[PDB]
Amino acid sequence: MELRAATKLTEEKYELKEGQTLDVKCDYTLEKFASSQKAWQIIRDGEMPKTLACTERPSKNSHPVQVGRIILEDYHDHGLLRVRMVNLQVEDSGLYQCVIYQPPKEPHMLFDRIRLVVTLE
C-alpha cells in the first residue's frame, strides 16, 4: 500500500534579541476547538515534540498557564491560543509549534512551526 507525501510544514523564522519577549498568536478560529486541549511545544528531530506548556482538558477561557518563562492562554472569545516566552535566552533558539489535541479518527488541523532565532545585543 502507498502512503503519499502530500503535506509540508514550514518554519516561519522569528527573530528577537536576548531579554526580549516572544509573542505568538495561534488562530484556530474554529470554535469547534475551543474546549480542545492545546499546548506549546519545542520540536525535536524526527517530528518528536516536547510539551512545554499545555492548557487544561477541557480548555476554559481566560485561564492563563504559567510554566517558567512561558505564558500560555486560550482566548475562546477570539478563538486563538496566545503563547509567550519572556526574557528569551539565546539557548531558546529552536523549532516551536502550537498544538490542538484532536482525536485519531479525524483529520488533524496543523499549525506551521516557528523557527525562533534569538540573537545577542
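Under this definition, the rigid core comprises the largest set of C-alpha atoms superposing within 1.5 Å between the forms. Positions refer to the first chain, counted from 1. Compared with the form deposited in another entry:
- Superposing the two forms on their core leaves just one of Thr29, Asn61, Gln66, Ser93 with a Cα displacement of at least 2 Å between these two forms, namely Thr29.
- The Cα position of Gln20 differs by less than 2 Å between these two forms after fitting on the rigid core.
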Contents of the next structure:
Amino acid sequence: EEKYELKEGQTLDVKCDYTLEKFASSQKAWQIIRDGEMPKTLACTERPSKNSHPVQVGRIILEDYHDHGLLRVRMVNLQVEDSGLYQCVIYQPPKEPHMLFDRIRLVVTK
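Mind sharing the form deposited in another entry? What's above is the form deposited in one PDB entry.
There are no partners or other molecules in what follows, just the one chain.
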C-alpha cells in the first residue's frame, strides 16, 4: 500500500527484493492488478532470468540484479492511464505465480 504520485512524462523506478539463494534465476514478472483481483502480466524476464540485461517491453524495463537479490522495475514516460496497482511476482507456469511480498499503487496525473 505504498503509493507513488508522479506526473506524466516522469519515470517510476523501484526495486523488488527477493531471496537470492532461492529465486535469482527464476523467471520474474511485473503485473497490474485489474478489477476483481485479476493480475495481468505486462513484462517478464526470460527463463531462466538473465543477470543484469535490461528487458524492455513497451515502456517497462526489468533488470534482475542477481548478486543483490532484487528486481529493478522502471516505468518510463508515464501516462495517466498507467495508474493502478502493481506487483512483482515469480513467474512459474503452469502453477500460479508466487507474489514476492507486496503491491504498490501508482498514480500518474497531468
